[PDB]
Each structure stands twice: as structure tokens, then as C-alpha cells.
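Take a look at this single chain, the form deposited in one PDB entry, given in C-alpha cells.
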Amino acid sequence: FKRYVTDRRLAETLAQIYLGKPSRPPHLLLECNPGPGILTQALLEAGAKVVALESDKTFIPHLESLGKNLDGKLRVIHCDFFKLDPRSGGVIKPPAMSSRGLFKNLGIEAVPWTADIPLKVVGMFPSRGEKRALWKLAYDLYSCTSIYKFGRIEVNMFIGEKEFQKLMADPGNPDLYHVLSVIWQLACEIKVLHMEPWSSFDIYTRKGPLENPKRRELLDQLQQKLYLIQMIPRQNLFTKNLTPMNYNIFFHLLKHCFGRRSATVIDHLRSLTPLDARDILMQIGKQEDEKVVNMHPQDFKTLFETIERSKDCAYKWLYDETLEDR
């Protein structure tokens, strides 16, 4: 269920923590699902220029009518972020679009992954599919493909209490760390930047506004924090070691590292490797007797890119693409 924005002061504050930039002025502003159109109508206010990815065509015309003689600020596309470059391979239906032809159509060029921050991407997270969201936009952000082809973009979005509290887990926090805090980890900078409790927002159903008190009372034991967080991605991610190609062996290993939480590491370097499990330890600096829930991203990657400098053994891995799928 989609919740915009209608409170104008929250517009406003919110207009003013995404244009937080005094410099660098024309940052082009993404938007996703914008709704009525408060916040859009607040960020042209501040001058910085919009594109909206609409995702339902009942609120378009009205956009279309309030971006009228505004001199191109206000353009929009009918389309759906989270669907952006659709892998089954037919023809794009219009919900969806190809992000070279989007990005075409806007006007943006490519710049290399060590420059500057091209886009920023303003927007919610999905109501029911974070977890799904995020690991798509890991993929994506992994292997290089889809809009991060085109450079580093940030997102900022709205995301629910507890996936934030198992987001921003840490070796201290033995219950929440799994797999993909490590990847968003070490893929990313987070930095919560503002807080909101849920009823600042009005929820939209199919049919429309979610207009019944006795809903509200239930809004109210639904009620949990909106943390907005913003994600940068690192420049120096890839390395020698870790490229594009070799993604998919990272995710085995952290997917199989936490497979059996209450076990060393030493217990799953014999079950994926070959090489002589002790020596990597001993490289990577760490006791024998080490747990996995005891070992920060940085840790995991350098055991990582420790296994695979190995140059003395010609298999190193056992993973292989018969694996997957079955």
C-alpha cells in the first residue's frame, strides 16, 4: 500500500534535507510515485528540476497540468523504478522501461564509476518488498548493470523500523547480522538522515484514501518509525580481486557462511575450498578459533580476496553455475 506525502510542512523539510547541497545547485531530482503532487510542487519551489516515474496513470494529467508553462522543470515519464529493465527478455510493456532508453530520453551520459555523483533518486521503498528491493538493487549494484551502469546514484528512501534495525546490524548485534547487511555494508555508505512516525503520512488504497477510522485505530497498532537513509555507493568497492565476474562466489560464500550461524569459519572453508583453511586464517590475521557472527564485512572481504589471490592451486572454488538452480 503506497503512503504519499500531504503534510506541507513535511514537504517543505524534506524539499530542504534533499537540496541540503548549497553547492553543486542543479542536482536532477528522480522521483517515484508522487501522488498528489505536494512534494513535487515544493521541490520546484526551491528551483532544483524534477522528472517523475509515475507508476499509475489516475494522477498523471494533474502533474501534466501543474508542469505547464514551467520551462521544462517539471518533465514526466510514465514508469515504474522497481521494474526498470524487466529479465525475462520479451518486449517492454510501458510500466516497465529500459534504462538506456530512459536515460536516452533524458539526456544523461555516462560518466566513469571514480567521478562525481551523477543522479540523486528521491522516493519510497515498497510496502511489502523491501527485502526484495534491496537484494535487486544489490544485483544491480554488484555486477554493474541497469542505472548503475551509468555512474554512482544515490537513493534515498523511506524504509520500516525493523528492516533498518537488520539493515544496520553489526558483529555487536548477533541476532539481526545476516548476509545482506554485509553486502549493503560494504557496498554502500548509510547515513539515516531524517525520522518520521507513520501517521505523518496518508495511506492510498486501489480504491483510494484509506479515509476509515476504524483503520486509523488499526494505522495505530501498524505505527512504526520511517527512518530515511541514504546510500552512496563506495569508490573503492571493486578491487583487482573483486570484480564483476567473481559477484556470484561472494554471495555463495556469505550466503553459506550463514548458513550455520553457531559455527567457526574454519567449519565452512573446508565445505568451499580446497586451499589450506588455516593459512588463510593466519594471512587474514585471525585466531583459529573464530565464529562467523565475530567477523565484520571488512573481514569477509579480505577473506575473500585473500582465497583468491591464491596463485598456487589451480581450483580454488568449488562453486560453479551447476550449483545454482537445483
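What we label the rigid core is the largest C-alpha set whose atoms superpose within 1.5 Å from one form to the other. Positions refer to the first chain, counted from 1. First, how it differs from the form deposited in another entry.
- When the rigid core is held fixed, the Cα atom of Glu12 travels 2 angstroms or more between these two forms.
- The two forms, fitted on the rigid core, differ between these two forms by 2 Å or more at the CA of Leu70.
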Contents of the next structure:
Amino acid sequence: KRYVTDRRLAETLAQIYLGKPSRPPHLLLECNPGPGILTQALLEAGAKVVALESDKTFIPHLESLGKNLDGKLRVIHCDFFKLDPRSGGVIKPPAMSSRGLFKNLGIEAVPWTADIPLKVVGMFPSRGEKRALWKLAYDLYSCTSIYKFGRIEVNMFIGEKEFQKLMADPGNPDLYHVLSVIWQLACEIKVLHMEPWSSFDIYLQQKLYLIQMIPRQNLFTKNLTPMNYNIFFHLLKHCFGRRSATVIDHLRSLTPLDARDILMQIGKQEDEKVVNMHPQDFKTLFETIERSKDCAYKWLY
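Swap state to the form deposited in another entry from the form deposited in one PDB entry:
Single chain only below; no partners, no other molecules.
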């Protein structure tokens, strides 16, 4: 949660946020627009922009001056990380639901496999890229919160630490983990911008970075369903629980099937480590188990 006052190369990021010049139905769900300088930079594009400010001190001015915009802003008081209630009684101004936000916008996307419905721009706080990064993946496989209706783009600022760890492969083996596997197959994440973190003011450090969180049609499969995902995750965390072991040892810890048979189904042969796994390799390890329909006992989740 940082209020950014820098206008530095805001036009370039606004144009890469804009995409096609002919179409302004694509909407920008800007998160924490405190000073409103980034709001004016996004208004320079000309497309419709919606703010989801959560702080009560900066919200009364945000409804004001919208008449000069002639209807280019619909201010809604919420925050992007909570949305769907988990242990919740009633509706409070800090947190609302996905149905309420999407009915206020009026935007509903019945098919997931069609074109992208919407775009979200946002940030992660100083502490908590891991928690909300976990949260978005949890929302992304089982369709929950912002990903509940459609395949919404979550193009947003990340720390450089994650962009080393989340884009890690068996190359650079020291920093490599489960969010890496989930996100690198979940979204096609490329290069956008590389501004310094300490350059942006806050109302010696790792440099800020910007990523594209765009989900892929290859995600949900006849074997990897959106409802079986918690079976999938308990592979990945367990396989990286002790990472200096063959995949046969972890399968015998996690599966009653013959692990060497599963490895001769996928191709790797009996010496092969969990650290020397690409993100697609875990998905293939998950889905080679499934089609053996005769063996009903498949997992130990």
C-alpha cells in the first residue's frame, strides 16, 4: 500500500496498459489512487478508469471533481485483496463482494475461454507479496473473487525478489519454490517496466518491478480440474518440503502407485530430482496418475 506521486514515463505505461487504440471498453481498476496523479495519467489514455480506494481520508475528494471527467470514473469504496467473504457477517465499507462490484460495473463474462473481460492494475505491500500472491492463485484455479466470472488481467507491481524466485526454473536452483510452479504455468508473465522502488514516495532496497498476470487456456484440463487443485498443491509443497530427494521417494510418500511406473510413463528415469523439474513437469506428474482409472486409490491428501 503505497501512494505514488511520480509521473515518470506514465505515458509509456499508460499506452502499454491501453493496448488497442480503437477500443476503450477495457477498464482500469486502479488500486490505492491516493494523490490522484496516477489517476490523471490513466485519464490521459482516454479509456474508462475505476478506482478502488480503501482509505477513508482520501476517499471524499475522489468522488469530487468527477464532473470535470464527464463520467470517466465510478468511485467504489473497497479493497482488491479481500472481495469474497471468508469469515464474514455483513457488508462494511472496507470490504465488499465480487458480485456487488461487478453489478456496479455491470460487467459479466459468461465464457472463460473467450477474450479477456477486464484489466486490473495494482500493487503489493512492503510485507505480504507472498500472502496475496498465494491468494490470487487460490482465486485463480478455483474461480473465486476477481477471477470468479472471467479471465481478468492482474497486471501489477511486484518485488524483484519474487521475479527472481517466481520465474526461476531448475536454473538458479537456490531460489525456487511452489508459487514459482503455480504462477509460471498459470500465467504468461513477461517484461513491462523496471522502476526503482525507493524512487516512488511513501506517505538499500530491492528494486520494484512490473509483471503481467494473464491466465492461460491450458490451465484447466480433463485431469487438472478447478476442483482438484488442492490435490495438486499438496504435491508441490511436499515435493519441495525435502528437495534433495528423488521423485520416487516423494511419490511413495504421497501416492500408493508404483512411482517408477509413473516415471516411465512421463519419461524421467529413477534418479531425477524434484529440484530439476520445470513447472510443466509437475503438471504432467499430476495428470499421469489420473488416467489409471482401475487404481482408485490415487492420493494421500
